[PDB]
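Below you will find one chain, with nothing else, as structure tokens; this is the form deposited in one PDB entry, and questions on how it binds or moves follow later.
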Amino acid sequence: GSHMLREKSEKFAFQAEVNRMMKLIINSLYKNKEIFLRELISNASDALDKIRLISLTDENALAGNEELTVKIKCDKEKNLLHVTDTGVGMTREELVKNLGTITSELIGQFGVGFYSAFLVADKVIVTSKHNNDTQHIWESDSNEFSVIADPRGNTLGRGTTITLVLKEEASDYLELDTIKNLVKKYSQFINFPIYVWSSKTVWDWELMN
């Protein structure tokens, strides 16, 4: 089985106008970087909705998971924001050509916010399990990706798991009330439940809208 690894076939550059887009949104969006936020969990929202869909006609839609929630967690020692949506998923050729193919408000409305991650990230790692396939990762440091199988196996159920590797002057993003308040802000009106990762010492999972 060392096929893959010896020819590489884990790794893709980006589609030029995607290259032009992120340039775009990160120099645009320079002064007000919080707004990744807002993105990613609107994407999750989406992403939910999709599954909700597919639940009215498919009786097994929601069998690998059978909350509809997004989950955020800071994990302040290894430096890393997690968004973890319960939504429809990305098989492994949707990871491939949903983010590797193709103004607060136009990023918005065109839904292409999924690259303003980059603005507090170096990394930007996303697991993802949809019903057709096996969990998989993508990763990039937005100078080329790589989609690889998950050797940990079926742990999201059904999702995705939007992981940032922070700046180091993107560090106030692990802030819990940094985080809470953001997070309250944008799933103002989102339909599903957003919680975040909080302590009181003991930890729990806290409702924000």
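Numbering follows the first chain given and starts at 1. By rigid core we mean the largest C-alpha set that fits within 1.5 Å across both forms. First, how it differs from the form deposited in another entry.
- For the residues 26, 165, 176, 62, superposed on the rigid core between these two forms, a C-alpha shift of 2 angstroms or more shows up only at 26.
- Core-superposed comparison between these two forms: the C-alpha position of residue 125 differs by less than 2 Å.
- After superposing the rigid core, the Cα of residue 112 is displaced by 2 Å or more between these two forms.
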The other form holds:
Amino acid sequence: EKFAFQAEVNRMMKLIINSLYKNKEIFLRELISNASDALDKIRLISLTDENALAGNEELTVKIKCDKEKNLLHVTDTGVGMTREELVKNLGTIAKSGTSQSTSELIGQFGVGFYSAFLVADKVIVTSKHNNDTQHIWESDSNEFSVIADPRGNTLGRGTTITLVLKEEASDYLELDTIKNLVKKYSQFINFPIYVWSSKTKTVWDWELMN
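For comparison with the form deposited in one PDB entry, produce the structure of the form deposited in another entry.
So it's only the chain below, everything else dropped.
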């Protein structure tokens, strides 16, 4: 009743996504692919301005697990997003407590966003664009809320996708499962992709997978 349109969009996107790919791991491929497109965008801007990477001279994809908090982080130093981009997000999500340009948004980012809800219950976006403030955005595919980050500009430039995982999909947080999965969907990415892994007396560091 409250979110009839949102639930129907969620039902249709899940139905079509599950039918087309049949592999629930498509969420990780989208996270890798979308991060690559953001990195490619800012690298293209670099070829015309000398100091377009001043906020962050690296162009990486860094994936980190949090088995205790049940979190999955995929951080890239791509182009990032302004606050107005986060407000539009995909046009199908209503602003919190308030109950085509959006159809073109679903075309480009619908599969990437709604596939995350095959393994997650909430998606949190932390982004920083060159000409704007760092913001935190969250949604449950029904409502959304955007916030100015109290930590300030900690990303320098780029985006962090945080998925709070379902209890059924807690296996994606182990090291050997997330490392083998990233390796599969990385042979077509022209950017280094690191995974926070442990080495042995045990220290943690960025391990590059491609």
